[PDB]
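Single chain ahead, written as C-alpha cells, the form solved without this ligand.
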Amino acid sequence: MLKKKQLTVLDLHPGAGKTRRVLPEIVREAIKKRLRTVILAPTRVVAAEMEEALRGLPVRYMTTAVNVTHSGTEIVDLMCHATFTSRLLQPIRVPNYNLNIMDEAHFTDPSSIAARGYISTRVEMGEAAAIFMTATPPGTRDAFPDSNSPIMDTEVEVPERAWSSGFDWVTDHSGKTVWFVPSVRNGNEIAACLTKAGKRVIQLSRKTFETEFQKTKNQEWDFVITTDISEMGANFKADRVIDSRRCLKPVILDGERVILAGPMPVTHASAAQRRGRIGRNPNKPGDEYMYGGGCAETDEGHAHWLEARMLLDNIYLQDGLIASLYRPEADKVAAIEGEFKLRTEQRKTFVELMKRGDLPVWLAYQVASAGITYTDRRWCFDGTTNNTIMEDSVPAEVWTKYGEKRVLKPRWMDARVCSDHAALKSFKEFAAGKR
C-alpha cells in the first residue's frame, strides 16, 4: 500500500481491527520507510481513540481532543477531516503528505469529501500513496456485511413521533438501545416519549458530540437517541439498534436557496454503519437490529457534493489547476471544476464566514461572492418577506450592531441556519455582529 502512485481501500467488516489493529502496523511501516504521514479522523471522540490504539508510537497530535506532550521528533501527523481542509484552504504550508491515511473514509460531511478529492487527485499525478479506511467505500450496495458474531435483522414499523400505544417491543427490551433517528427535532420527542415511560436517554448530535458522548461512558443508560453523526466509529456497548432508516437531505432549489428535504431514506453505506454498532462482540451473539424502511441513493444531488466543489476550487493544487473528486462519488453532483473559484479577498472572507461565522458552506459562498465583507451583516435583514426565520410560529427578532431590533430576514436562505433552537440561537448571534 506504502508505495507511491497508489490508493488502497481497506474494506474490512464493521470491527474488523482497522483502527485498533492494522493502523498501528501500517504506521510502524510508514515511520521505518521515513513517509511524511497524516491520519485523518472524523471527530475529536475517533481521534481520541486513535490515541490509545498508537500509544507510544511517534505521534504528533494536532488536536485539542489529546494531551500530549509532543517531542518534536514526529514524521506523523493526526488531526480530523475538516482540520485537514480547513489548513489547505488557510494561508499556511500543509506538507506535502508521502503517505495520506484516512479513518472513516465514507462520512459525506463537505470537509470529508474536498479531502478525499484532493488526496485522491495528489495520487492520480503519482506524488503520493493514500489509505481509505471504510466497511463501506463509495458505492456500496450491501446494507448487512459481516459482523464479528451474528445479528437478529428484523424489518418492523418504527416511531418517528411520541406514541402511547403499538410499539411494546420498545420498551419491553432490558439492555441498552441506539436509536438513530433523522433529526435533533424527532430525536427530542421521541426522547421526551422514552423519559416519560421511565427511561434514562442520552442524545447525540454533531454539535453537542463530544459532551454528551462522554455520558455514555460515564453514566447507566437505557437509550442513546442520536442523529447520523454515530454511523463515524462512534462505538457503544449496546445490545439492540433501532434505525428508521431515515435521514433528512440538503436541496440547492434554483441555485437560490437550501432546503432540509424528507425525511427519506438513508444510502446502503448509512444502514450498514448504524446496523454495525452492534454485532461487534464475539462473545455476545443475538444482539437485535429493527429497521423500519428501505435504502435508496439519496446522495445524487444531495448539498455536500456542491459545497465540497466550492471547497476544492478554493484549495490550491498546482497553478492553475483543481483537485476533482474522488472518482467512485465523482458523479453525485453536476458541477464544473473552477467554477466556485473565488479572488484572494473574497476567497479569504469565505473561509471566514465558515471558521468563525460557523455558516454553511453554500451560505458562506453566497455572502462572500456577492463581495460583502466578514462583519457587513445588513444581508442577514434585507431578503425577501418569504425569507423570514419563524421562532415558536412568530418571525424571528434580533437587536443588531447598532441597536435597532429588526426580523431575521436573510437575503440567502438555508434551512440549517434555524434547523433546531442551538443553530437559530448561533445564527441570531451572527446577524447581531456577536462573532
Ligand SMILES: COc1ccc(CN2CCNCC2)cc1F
Second form
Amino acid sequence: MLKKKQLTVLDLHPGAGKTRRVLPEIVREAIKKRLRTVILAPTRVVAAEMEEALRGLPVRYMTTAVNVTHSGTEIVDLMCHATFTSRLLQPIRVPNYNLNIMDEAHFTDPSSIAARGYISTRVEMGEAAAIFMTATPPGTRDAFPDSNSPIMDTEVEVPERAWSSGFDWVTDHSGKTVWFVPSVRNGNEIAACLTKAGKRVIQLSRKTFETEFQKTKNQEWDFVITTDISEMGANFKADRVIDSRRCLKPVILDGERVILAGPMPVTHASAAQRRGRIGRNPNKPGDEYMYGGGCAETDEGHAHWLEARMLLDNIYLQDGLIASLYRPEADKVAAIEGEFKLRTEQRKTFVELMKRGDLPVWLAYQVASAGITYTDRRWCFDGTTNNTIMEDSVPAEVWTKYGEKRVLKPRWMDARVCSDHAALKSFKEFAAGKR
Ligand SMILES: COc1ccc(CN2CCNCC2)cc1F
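Given the form solved without this ligand above, what does the protein look like in the form solved in complex with this ligand?
So here's everything in the complex, that chain up top.
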C-alpha cells in the first residue's frame, strides 16, 4: 500500500473498522518505514475520535480540537480536509508528504474534492502514495452495502413538512432516530412538529455540528434532525434512520448566479452513508432504515466540482502545471483546467474572501477576479433589482461601513449567503464591513 506511485481505495463496508482498526496499523507501518505522512479528517469531531484510536502513536494534531502536548519529533501529521487545501492555497510551506491518507474520502465539499485532486495527481506523477478510506467511492451504484448487523430496509412516504395525521409510525417508535433532511430550514419545521408532539430533538448542520453533536452524548434524546454533514463519520447509538433521500444542489446558472435547486434525490453513495449510521452493532440486529425516495446522479453539474477546479487552478504543483480532479469524479464538471488561475494579488484576495470572509468559493472567485480588494464592499449593494435579498418578505437592509442604511443587493447572487437565518446574518455582517 505504502509504495510510491500507488493509490489504494480502502472500501470496507460502513462500520467495518477502517478508522479504529486499520488506520493505526497503517500509521505504525508508516512510522517504521520513515514515511512523512498526513492523515486527513473530514471534521474536528472525527479528528478528536482519531486521537482516541491513535493514542500511544507519535502524531502531530494540527487542530485545537485535540488537547495534547506534542513531542516535536512526530513525522505523522493529522489535520482536517479543509485545513489541507487551505494551507496549500496560502504562502505557507506544506511538506510533500510521502503517504497521504484521507478518511471519509467520499466527502463532496469543494475543499475535499480539491484535496483528492491534488493528492491523486502527486501519485500519478510518481511522487507519493495515497490511501482513500471510504465504503462509498465515487460512482458507486449500491445504496445498500453490507453492515455489522442486519438492517430492515423499508420504502415509505416520509414527511417533509409538519403533519397532523397519516405518519403514526414516526412518533409511535420508542427508540432513537437519526433523520436526514435536505436543508436546515426543512429540519427546523420537522423538529418543531416533533417537539410539539413531546419528543426531545437535537438539530445538526455544518455550522452547529461541534457544539450540538456533544448533546447526543450529554443528554437523552428521541430524534437527531441532521443535514448531509452526518454522512461524514458521525456515530450515533441509534436504532432507526429516517431518510428523506433528498438534498439541495447548488447550480451555477448562465455562469452568473448560484441557486439552490431542488430538493432532489441524493446519490447512491449518500444514501448508503445515511443508512450506514445504523446496523453497526452485531449484538443488535434489526435496526430500521425507512427511505422516502430513489437515488440519482445529482453530483453531475453540481457547483462543488466547479468550485474544486477554482481551488486547484490556484494551488502550485510544479512550474505552470495544474492538478487534475481525481479521475472517477472528473466528469462531474465541464471546465478548462487553468481557466480560474489568478495572478498573485487577486489570488490573495480570493483566499481571504474564503477564509476570513467565509464566502462560498464561487462568490469569492467572482469578487477577486473583478479586481475588487477584500475590504471593498460596494459590490454588496450595486447589483440589479432581481438580486435584492429579502428578510421577512421585504428587502434586507444593513448600515454600510459609511453609516448609510442600504438595501442588500449584491452584484453576484449566490443563494448560499441567505439559505437560512444564520447565513443571512453572517452575510449582513460581511456587507457592513464587520469582518
Ligand atoms: C500542533 O501543531 C499545530 C497546531 C495548530 C496549527 C494551526 N492551526 C491549524 C488548523 N487551522 C488553524 C491553525 C498548526 C500546527 F502545526
